[PDB]
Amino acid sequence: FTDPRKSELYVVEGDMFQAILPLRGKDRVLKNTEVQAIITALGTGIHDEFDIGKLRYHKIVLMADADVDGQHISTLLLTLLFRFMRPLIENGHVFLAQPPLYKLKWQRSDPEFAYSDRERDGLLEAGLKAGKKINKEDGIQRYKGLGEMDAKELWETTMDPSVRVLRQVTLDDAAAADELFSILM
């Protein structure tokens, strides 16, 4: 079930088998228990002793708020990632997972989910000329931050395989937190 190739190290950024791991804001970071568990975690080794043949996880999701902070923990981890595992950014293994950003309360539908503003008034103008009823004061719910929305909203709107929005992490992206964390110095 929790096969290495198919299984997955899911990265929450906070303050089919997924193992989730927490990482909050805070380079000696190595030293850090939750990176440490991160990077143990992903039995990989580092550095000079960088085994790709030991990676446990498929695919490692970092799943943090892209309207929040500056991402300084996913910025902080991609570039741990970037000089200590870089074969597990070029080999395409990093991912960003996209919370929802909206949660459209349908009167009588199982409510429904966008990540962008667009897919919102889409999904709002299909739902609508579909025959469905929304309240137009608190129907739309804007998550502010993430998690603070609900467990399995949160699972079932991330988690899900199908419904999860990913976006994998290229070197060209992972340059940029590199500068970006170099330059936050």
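Think of the rigid core as the biggest set of C-alphas that the two forms share within 1.5 Å after superposition. Positions refer to the first chain, counted from 1. First, how it differs from the form deposited in another entry.
Once the core is superposed between these two forms, every option in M85, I73, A97, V94 stays below 2 Å in C-alpha shift except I73. Relative to the superposed core, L21 undergoes a Cα shift smaller than 2 Å between these two forms. With the core held fixed, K136 shows a CA shift of 2 Å or greater between these two forms. After superposing the rigid core, the Cα of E8 is displaced by less than 2 Å between these two forms.
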Second form
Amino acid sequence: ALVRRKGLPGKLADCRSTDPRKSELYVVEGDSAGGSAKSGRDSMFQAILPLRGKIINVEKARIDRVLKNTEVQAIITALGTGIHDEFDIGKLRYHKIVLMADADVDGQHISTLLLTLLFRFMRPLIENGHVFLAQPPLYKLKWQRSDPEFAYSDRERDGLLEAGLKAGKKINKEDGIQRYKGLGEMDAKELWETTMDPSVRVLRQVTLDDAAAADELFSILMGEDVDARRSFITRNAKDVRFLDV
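Follow the form deposited in one PDB entry with the form deposited in another entry, if you could.
If you are looking for partners or other molecules, they are not here, because only the chain is given.
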């Protein structure tokens, strides 16, 4: 068991549960989204750490400079574990570390920067399945009489729309389908019922298979060598759609 704040980051909205095994840390993109998350969360088991701006690339940046970064300090301090050789999973203050970023591209970028921080400084968190990715909604179908439905893809939107219309439900062609362009546009209720309510949230657990293969990929994509990254993109971007086929 570990004490919660009521010596940790000022931005941290800690949980109430004294058990890390039961606790969860939502690492959120932006103050707005973090603000709403703080309200919609279950304050018992869920803590919120909003991250502001693009996270520093620990692959590129010198070690001392990374440690001066306010956002990195917040993460390291909140997780409780050390870094590199001084890492101690026993001090992990949350056994669930949910990264929650916008569905947009800059959210994807922030995810890679955070995953880079974790893989380089605190790898065991990934190896032991403590790192997760929340999948935000993209659409909210607002039926005239029925309860609203959330969609996490264009296909699901089309499906739920088709099903509802077939079922005799109806939507306004004005209000209609609200499209989320980021977490910051959501209120507390919406975030709870889509990304934080454990009975409906869509989390993806980050697994680490080949450590050596992961290592080189991180170094290529996140490293200082531009040529390697340039050629890698021109080589593999052509086939990014077909990774899961």
